[PDB]
Amino acid sequence: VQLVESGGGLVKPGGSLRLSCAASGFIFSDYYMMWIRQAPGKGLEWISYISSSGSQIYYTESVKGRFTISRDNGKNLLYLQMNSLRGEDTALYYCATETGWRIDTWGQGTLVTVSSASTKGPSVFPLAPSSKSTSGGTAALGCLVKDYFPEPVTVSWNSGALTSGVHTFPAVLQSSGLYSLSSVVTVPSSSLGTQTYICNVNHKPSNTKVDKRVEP
Amino acid sequence: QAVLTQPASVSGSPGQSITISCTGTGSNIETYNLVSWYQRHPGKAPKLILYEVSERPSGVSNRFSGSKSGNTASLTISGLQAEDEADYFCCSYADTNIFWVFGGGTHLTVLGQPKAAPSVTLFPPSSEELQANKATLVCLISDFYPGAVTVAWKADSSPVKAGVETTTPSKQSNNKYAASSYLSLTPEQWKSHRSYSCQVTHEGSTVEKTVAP
Amino acid sequence: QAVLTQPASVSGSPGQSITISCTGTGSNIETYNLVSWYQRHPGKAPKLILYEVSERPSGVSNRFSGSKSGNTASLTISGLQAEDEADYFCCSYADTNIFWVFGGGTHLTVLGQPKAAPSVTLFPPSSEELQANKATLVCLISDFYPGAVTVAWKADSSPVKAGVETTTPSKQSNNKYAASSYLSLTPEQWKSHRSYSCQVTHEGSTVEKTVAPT
Amino acid sequence: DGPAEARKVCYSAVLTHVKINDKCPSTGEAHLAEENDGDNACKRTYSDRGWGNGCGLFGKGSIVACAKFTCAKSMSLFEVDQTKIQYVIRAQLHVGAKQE
Amino acid sequence: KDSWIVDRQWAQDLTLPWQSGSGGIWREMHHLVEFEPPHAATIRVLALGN
Amino acid sequence: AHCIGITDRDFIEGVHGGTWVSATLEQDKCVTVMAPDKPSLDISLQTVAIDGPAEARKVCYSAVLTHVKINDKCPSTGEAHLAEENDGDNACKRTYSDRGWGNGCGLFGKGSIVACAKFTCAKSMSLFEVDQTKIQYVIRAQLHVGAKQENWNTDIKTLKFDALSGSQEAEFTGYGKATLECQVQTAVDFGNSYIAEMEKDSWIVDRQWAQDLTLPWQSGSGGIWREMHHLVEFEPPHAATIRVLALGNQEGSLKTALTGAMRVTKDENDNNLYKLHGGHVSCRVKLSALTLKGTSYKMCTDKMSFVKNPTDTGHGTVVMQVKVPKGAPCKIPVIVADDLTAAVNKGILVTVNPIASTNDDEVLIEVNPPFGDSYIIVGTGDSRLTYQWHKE
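For the protein sequence lines, the chains are V, W, Y, G, F and C, in the order given.
Position in the first sequence (from 1) plus 1 gives the number in PDB author numbering.
Take the second sequence: its letter number 185 is residue 185 in PDB author numbering, and every next letter is one higher.
Take the third sequence: its letter number 102 is residue 102 in PDB author numbering, and every next letter is one higher.
Position in the fourth sequence (from 1) plus 50 gives the number in PDB author numbering.
Position in the fifth sequence (from 1) plus 199 gives the number in PDB author numbering.
Take the sixth sequence: its letter number 22 is residue 22 in PDB author numbering, and every next letter is one higher.
Hints may be right or wrong, so weigh each one.
Claimed, not checked - Partial list, derived from the structure: chain C residues whose beta carbon lies under 10 Å from chain Y: (1) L65; (2) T66; (3) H67; (4) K118.
Bear in mind the hints are in silico, worked out from the structure with no lab data behind them.
All C-beta atoms in this analysis are idealised placements derived from N, C-alpha and C, irrespective of residue type, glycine included.
Put together the whole structure using the sequences plus the hints.
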């Protein structure tokens, strides 16, 4: 008894997509089916809901005129036809069974992310070091990598050389639809001016390679 | 309407017993009493652990129990184990009109490790970013366990309402968590304000760092 | 098992509108639709400002209004003033058994003035106290606004769990706030640790003092 | 004291939304798992169907409707054992006692 | 909040659902829950009321 | 419209020399109007509705009570008073009690006692007055051309009438237009009546019945509840206490009394649009301006196939889908005989002048066969389709 979900991906706003849910292990035609989704920082929300025969259909008002739930009981398949896609439709979508007026079994989930964003190569900004000493003899800095899409990007200081005490935080999604991340290193205090390091920000999808000095 | 509110993050030690509540705030909940609880490990399917407030699906351990009193349904897990590290979702059939309603979600933390205060690194705008007619404040947090954080920004004394970006904490390579906070602005607001503060809340205790032009 | 819940403290400045919520259990505030609101200033008698969810006794201003949708009853105060800083209590007639049940109370604070950091004075144990085989570190928090403070003690760097006695913030005569915190110890613990640190959290900003045996 | 409980008779019941399974004529009987559970109100019926509502044949198609039943308010019924009836009788003399 | 003495022959003939005291099933639920004739694929219930 | 999918169906035949044919349209029914050398016309009555009936009364059938409150006095010491006795939303009784030395009075006699309990209605039945001149209805109209069932809704013309509308015409592209002159029949079904609705139910009730309900009632805005005693009764006092008798929720008593009453339902968002499950419509339909298409098409001679075989409709007729893969704009010959040799037609063709216009078209044919053994014949010559039928 399992539900497999497929169809997710990236697709521009106003686009169109169809999610699919294949059921195995029981009589699919005798159970109510339904689609749930969860957005970032938001709770779960059932959006679509269909009877065993498909003769009874229920939607939430957020997706009422756009989404169309259907089922093919010969193929034991449940479909979610998503027309007129919007940004807030970015969520992890589940298909789930419904018996005894509860949501019994779930699928693993398929991810749909909708971005307006296009292929854009980043802009790198050095980060000035300050005194992270704690008494003492330590100072940290980094370099910022803004406005890039999509994943991934690979940072490295001193083109393949220094890997001691380096932290590369993961990206952050943005209202722009672009990504951003920071990379920091920690070095002693009396050695701030004795050496030089540069990042290797390196964005494959736009073939970008940038180096960037750091000094006080 | 119907709103189910449950704590964002709770934690306990192995062998202990823990309770996650689910407070209902709608018009008429208290009518059907078929509240269900779900368990979800990252990247897998939710698993039904309780329905009809106390009843248990076949094969579910007896360490999971559930009760209700008034507008609150509670999930209690005894003999806490490292396997229980997951998200726990509350669900209740609200009425005939809107159907089942879900809670926000709770991440159970099993303290298979000691408590770690969050180290913070806040940076000022680089003199090469204001040149590009922009300015961003970068607050970088590392080495806290568990990974449950609250981020606030302040403009000389006052909380900033626009521009704050917070991530969802990502795990490290040393079994700790990290998160990033970015504050986009305009260069004139950076220069006009005396200072800006990133401050970080982790298990009641807050940690503050400051930058200035 | 039948008691109303309402936020501990809700804040506003002069001028805006504020709402205090009162959530009960689907019977508590939902059965009879008579919910009353009370205003109490420190030391004075509580005053009925609303009854029957939205009714208003004679003399009560338009600024006080009431609503109710299901579990929740709400008191909404518009045009916030310095007179409105007080304690507000919720009340509902549950049923024929327990009759009336109250809420925990909400302290409305009006931000009549600007943010003031707390000034801290940390005192060591007295030698004459130590000669009675006891030790007490005294942390004195002074002149902060608003009066929402998190006190924390430390053992050379380490948070202290026991012996903590902290008072609730009190109102000064210059209209700021003050609070104190005491940490009892044995003299051996005082000598056997490098230092003790009282630190004060206020609006996210933390002030720290530290004393050591001499 | 403590009469024996006989029956509970329910006079206030709240229902959940009905659930339907239906099938075209000559396509078999419709089934719901709710129909095998003792707390659900169910019913079998046949409905007129044809080309106009998704069936290749015109005739009676199977249909089943089930709703979950819970009792909101119920009257209890206790049996009275006459051999267990108690009475209390108060007795007093006219002796001039003040009513207090 | 009310009580009476009633004839057993009257009570056992009540057209109401009844239980057997324990966590028992509710018998003859149709005395308060009827179902109406279907149209094509839709049946709605008739709650006979309190 | 379409009448094939509606079980209760009636056919009407107009004379060759005629212009208007009269018909009656009842709820959940429809009519196929047939005239020679005109396409058959399905007419159905969709809804009969009122938009925003005027609110008249509210009748309370469920009321919750607070605990009673008592004031009492000794004999010859005055009348007891409560401030609750002046509010219009409280239920109070004025009685006297047997008082003496045994309950704290110097005299044996009647002492005044007053009881009050706050009345608050939990559930009420709304009573709406209807204006018979504001009744609306909707009528479906469709032609039997060839349309597959999946295109019935697109081809249906939905006509709206008021109580004083003019002629409403449905025009069909290529076939002209029919004209309808209709009128509701709300004399016997809609006399002195309120629309009574509960939370999930509605009915049409006699006005005199509603106004004599032994239940508290309101003037529906914020008004005091009148005749509260129909749900709140006070019993004789004991010495200083009066216990109230709550007469209980009356939802069941009303519903059993309202079984077999004309029903009313409600729409989507529209929350004052009331649908009236009852009554009928009398219509006069103008057919002279209705024309056939493709009367000058050639006979279809290429081989045809059944996409859907002839099946019993339950109306005495049969339906079938015939596909025409080749042959351009032609008309499909259909006959129903009792003998494969003599092509003598013996059945009425509901789908007058069947037509294929584009190639690979699938066209729906409805035929009324004769009683007994029969043969449905679609085509000519070697390729003609024959399918053997039996009517009872």
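Hints versus structure:
no., hint, result
1, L65, "holds, 8 Å"
2, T66, "holds, 7 Å"
3, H67, "holds, 5 Å"
4, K118, "holds, 8 Å"
In terms of the numbered hints stated before, the structure departs from none.
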